[PDB]
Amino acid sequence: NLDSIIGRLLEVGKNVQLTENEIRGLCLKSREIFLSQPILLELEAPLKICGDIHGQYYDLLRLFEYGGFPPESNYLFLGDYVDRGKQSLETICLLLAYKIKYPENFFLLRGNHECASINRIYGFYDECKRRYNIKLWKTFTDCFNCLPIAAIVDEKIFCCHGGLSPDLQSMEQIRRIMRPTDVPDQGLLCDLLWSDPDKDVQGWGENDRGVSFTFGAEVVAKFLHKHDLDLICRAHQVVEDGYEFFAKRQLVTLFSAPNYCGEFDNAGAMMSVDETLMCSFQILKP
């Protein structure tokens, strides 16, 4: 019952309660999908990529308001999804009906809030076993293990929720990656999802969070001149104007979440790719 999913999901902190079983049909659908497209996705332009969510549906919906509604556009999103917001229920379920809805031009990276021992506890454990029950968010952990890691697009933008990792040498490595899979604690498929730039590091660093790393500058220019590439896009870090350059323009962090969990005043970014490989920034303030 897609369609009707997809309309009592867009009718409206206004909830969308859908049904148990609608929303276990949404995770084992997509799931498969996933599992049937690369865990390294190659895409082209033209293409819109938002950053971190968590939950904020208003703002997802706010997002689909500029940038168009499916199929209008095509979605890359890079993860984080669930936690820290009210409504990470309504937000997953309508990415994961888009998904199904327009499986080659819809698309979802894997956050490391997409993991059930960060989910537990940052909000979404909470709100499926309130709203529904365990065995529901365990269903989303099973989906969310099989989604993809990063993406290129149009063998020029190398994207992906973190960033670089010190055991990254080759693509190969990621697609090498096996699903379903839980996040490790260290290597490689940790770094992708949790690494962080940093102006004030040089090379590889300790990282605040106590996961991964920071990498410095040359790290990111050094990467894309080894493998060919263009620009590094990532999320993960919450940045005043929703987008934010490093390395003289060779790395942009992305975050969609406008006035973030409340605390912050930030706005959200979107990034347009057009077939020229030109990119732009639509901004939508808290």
Second form
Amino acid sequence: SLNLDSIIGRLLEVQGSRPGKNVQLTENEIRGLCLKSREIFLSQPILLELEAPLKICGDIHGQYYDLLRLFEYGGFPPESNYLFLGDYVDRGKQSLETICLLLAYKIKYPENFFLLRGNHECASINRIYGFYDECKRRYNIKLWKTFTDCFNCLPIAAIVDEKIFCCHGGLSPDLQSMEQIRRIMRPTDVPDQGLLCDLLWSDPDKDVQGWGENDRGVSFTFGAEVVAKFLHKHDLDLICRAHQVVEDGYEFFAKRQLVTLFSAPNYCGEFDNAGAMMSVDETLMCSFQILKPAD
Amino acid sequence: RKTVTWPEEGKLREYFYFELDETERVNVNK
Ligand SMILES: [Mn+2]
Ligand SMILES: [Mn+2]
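Compare with the form deposited without its partner chain: the form deposited with its partner chain bound:
Every component of the complex follows; first up is the chain already shown.
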């Protein structure tokens, strides 16, 4: 009894409005989105096996109109296949509209639209950084807990045509086999240490060789050599991750063996960064589409 | 079997520019 197209229509309706309008769905509609997307998440692998062509996006953090711009320029589903790398909520003004549109497209196009878990798709984090406050203000506490149950079933990583490894954070010193990811059962929370934690929290670092301590106080940093060894062992060409704001929306690491994507331009009004999307064609030739305010 | 490649540097980036609203983006924690 989920009127998906009505929901999507109302979400897209506010395109090009100024001042930026909210989209206030009903409580039951949002719960319907959570319940149906949760089922699909669980029915699909926790380690996604995807095929190009597709477009890959980094953090959104509730910057809803920027998400609309991404679709406007990259092509609204199902014109293009999409993989998002997480951190949909918190900090921005419109986490609800953001995650609702994403869940809606997941339900609408379950084989052409994919969402990974970021470290903010976690109750202990998004209780603090804005999403819970937004849920409490615009709906109720119970709805936030419904989101949490949904978030606990998000897939953790994706491999594109057996060559591009995708996750929110990065590598883990505990990651020896891809089966270790496949063995993770859902629903699950994000632990404060271990494989699942690292995949959502770790960062590359140009000044560390192997594994180092992360300034975040969580997980690790990893160096160029770690990336090289990982790619060789698993016969991969590229690591695609997000989790860090970069000035041009994308940023290479270790001679293009790793790329960081960040899709929220002028991040929470504090940075002058561009947002980027990585376009991967059928042959895995990768390029970038860059979202930037005019000056 | 596919392999990751990159285009010529001139075709690596495609830019999309939009009008900046200075009130559109806020950190709700501040
Ligand atoms: Mn983030
Ligand atoms: Mn993150």
